[PDB]
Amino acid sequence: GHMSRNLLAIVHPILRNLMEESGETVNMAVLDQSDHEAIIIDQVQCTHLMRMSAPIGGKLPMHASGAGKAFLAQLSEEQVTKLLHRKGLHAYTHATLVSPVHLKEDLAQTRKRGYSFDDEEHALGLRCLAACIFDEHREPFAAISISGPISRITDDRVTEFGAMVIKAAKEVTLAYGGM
């Protein structure tokens, strides 16, 4: 499935809603199946002075980011192993899953859990939760995420945050099909 500008306008209402509810910046990122890259293509920023603010068109690391890992957690260990050298498991922070053992392990927990979770892996003090968007062939082509500072995305809101992003992704996957 591809991301048409038309579809974005239809779904925008979902990103705005998740923003108000979570109180954090919301992003929509598309999966580049040719280059294996998570590209931000939409965003609704929260109003807090201190917040996450990525540039539209910005890329996200596949192994150390909400959207990245929410995608990576869809590919086989062989595929993953490919991107290990294909892309690169760069070390953004001491928490970054630089070792494929742990990574693949977290990737596993992601599918189980439903939503990815970057805990200060992409940047110090940043938390992120993402959940894939599905086309017709049940293929994940997009990912919706909530990213904010740990000071506000507290440990006891993680699950409540992970649920919000499921409810919003589901709402996009369905509203998508048949329009």
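Numbering follows the first chain given and starts at 1. Between two forms, the rigid core is defined as the largest C-alpha subset superposing within 1.5 Å. First, how it differs from the form deposited in another entry.
Here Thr47 does not count as shifted, since its C-alpha moves by less than 2 Å between the two forms after the core is aligned.
When two forms of a protein are overlaid on their rigid core, residues whose CA moves 2 Å or more are considered shifted, and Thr154 is not one of them between the two forms. Positional change of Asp119 between the two forms stays under 2 Å at the C-alpha, relative to the superposed core.
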Given for the second form:
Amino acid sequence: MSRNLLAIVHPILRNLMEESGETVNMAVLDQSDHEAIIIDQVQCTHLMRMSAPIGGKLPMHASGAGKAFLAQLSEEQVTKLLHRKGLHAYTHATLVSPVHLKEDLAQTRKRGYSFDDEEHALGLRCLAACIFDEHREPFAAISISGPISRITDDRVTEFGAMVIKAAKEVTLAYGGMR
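Would you mind giving the form deposited in another entry, to go alongside the form deposited in one PDB entry above?
There are no partners or other molecules in what follows, just the one chain.
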């Protein structure tokens, strides 16, 4: 993430907010703890909504942005990170088993989006996809984050499609200007 890049990304976020009806975030990876740090955001206008602050951190194993990044790493890499960092249980849905988490990451790669299903906070869902540089390194993720009351089970795939398309547009934007 750059600055004239940040400037192109921003209207992509605004349009995604409008299209999804939910708050949208972009985050970069903390290489120390593998938390995702929120560096930009466009909130929706719903009274009830996701409103984490800029510079706020989303958990490695338990957020959309966290798991989107984690999904890009190898089996061993993730085995080592889990061995180090542990799997704090935020909620009763948090994936605190390595086999369960690893399965979820495999599925994340297969479908093109991560899905936080009240793993970070009760009532909270997020869908996220990474943004890639010329080395296929994930250098950013976009997430759509909102209440289970609106991000309903029948909408998850549709929401996943929307975040895929958004993350794609930024990857292409970076490709074009770099």
